[PDB]
Amino acid sequence: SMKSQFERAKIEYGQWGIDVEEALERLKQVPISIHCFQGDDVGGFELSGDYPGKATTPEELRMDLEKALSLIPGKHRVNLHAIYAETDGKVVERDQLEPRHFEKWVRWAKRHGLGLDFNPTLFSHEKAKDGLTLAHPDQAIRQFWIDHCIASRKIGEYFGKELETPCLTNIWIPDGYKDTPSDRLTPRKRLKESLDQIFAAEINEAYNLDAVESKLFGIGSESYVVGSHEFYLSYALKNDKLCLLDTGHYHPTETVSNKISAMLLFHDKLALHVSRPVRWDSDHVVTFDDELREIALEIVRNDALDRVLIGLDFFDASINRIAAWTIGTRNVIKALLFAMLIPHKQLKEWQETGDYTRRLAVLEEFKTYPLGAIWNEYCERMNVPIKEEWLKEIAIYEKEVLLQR
Amino acid sequence: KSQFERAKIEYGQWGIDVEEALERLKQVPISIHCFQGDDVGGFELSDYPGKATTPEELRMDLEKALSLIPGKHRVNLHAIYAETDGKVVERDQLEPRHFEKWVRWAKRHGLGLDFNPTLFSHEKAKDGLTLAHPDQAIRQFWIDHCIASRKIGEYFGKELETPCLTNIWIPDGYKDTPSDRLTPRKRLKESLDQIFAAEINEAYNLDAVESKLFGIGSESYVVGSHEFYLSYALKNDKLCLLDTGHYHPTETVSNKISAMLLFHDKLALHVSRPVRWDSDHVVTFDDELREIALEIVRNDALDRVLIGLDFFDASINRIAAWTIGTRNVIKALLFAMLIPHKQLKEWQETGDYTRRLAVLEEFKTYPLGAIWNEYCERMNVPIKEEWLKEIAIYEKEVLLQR
Ligand SMILES: [Mn+2]
Ligand SMILES: [Mn+2]
Ligand SMILES: [Mn+2]
Ligand SMILES: [Mn+2]
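Chains as they are written, first to last, in the working numbering: chain F, 1 to 405; chain Y, 1 to 402.
Be a bit skeptical, because a hint or two may be false.
Distance windows between CB atoms, simulated [what the hints assert, rightly or not]:
#1 F:253 <-> Y:24: 36 to 44 Å
#2 Y:53 <-> F:193: 50 to 58 Å
#3 F:289 <-> Y:279: 28 to 36 Å
By construction, these hints were calculated from the structure, which means they are not laboratory data.
The beta carbon of each residue, even a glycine, is placed where N, CA and C say it ideally should be.
Go ahead and model the full structure; you've got the sequences and the hints to work with.
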């Protein structure tokens, strides 16, 4: 039933010179960096209402991730934060975290053939209680966070060295003001100076890459954030670093897809966090939505699968967490698949020659092409459940393991 | 014991030297846009009453606006305002001589001039692609136009001994969703690299580049995006120009000023009121305008941000337009000058978010009007609404005998 259909679906695409065999081959190898903090609702293991069954233990969260990976087709990566340090039960200050403290994570990734990405954690800490960190007026506080981002950079280096795949160490900070600033310049000056110091030492790009990440506002962070779109975009260009863009972190109607093509004109590499904003930076699970499709179109038309590091960042505590990961990851795969299966060549020519009629027409007609058939075949070949059947595998794990914790 | 005197003591209690503020305001120049006067007509080759028909009317109109506006200012000129003297000159063939009358008039009144190539309403722009066009001929024509405009800027600054700012804005984009966002942008980057090839001394010319998010006939996609230009300018030591009408809903240019001063020496901005699209309304004394002035003043950037105006309301008196809109940006500056930055920074630095709010808020009822008026006296222009009289007189005898 499944194959003969895919055989028919395959010729529909092939009449456009769309080699689906090739696209499946290319799709098999794009890695998706998934975020750990969905496992335990940003808990972490720092020594000191919502859906049931969250992880509360390193061993619990590692099993959770294994579960989700098994329902997600392909080879992927896991995206770690510093509070996921396993300090062996002895409190270690964030400025003092070391490769030692992520030893097991690495061993575990080796075992499962996963790349590891990293983040310094700059929130939920006494030294960030004032809402400022890298940009706090106090030197002693800035230094602590400088040092910690540096400790973080070394850990990033460690992952790449251990796993033979570069690790991306992304810096995100919450620094801002809830209410109206009487000075927008001084805190940002302090951010540049904190970053200059954080980036002082060269690390081989074969092991670690640095990324900076903007946001327009947070809760308690509404009138102004220090690390803004214009700052980091400038900062990154100046210092040959990576801009990390988060589909939830911009203005209303503001779109990350429109930004990809300009970015690659000036940066060789680009970093992506895909999450679903529902009116604020809310972190709903990624849906196979228009903007998502569009992002995918950009990544593909622009021969950018090797240049756009794709990560996920969402946190929904109201539904099953393993379903969160698998719903959200499959969706970004689906989208890549979809953009793989568009006749870019003819669409380009039509644009080129002002045939806006064919362009609109066929882009639209492609929305009813037989995607499910390919996507379903791809899942069969990739030893993951085929449609909603991964739901059954989640019900077992919820019954047998999750509800039991 | 005159309003001004009393007002001066009120600001005085806060350390604010109002005299100093008035003296530094006196110096700051605003670049008034020309196309307000003849409704973006221009003089090339071929609905409130009495717009300008000719450069002679247009200059005379500008003179009247300036006399109603305190301070010494400038005129932002567009390539289509070329005085071609009865010949038709193709845009890629414009030269200084084409603007001498303009320049000679500027110097007589002690004005600076800014410039812009014109990359719209022309046979070779009819496709909504220009510098990004898929055809080399088209692209070259417009490249050549920009280069020329750069030379004309150069002629400007040499003559008026104040650098001319030549800004590139182009309408390049697509009406419906595009099937490629990159190659057009690659084309634009190549074309700009070719425009900017010849070095020009920064004492006579400065180059800016301007983004829009969307326009009529191009709602889906603009080649020259915010991120495209932010980058380009950074890599090539050029100025960004920010228009307050060219960004997303709720997105403010004031939040951008400070991030940019950290990474470029200068920055231009064009103020216009967007009312739900890039609509070019007369700038009003509003929150976002206060917030812009605030940033410019607090950040020690009065010599770093080149303030221009860019607005076109054909429905109201065209002179009153310039004069409302320009008096507005100056009032904004003044109010930003009469604020306790040092006390307010110390409170933010300290944590005392309470006073920061209270006083930001209290200073909104301070007597700005009494300073504004005294200033307008010293500067010799009509106070309050008196300027309407002069407008009305002028409309009667010149405007409405055309
Ligand atoms: Mn993020
Ligand atoms: Mn987020
Ligand atoms: Mn403009
Ligand atoms: Mn405009």
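Checked hints:
{"no.": "1", "hint": "F:253 <-> Y:24: 36 to 44 Å", "verdict": "holds (39 Å)"}
{"no.": "2", "hint": "Y:53 <-> F:193: 50 to 58 Å", "verdict": "holds (57 Å)"}
{"no.": "3", "hint": "F:289 <-> Y:279: 28 to 36 Å", "verdict": "holds (30 Å)"}
Comparing the model with each earlier hint shows no violations; every hint is respected.
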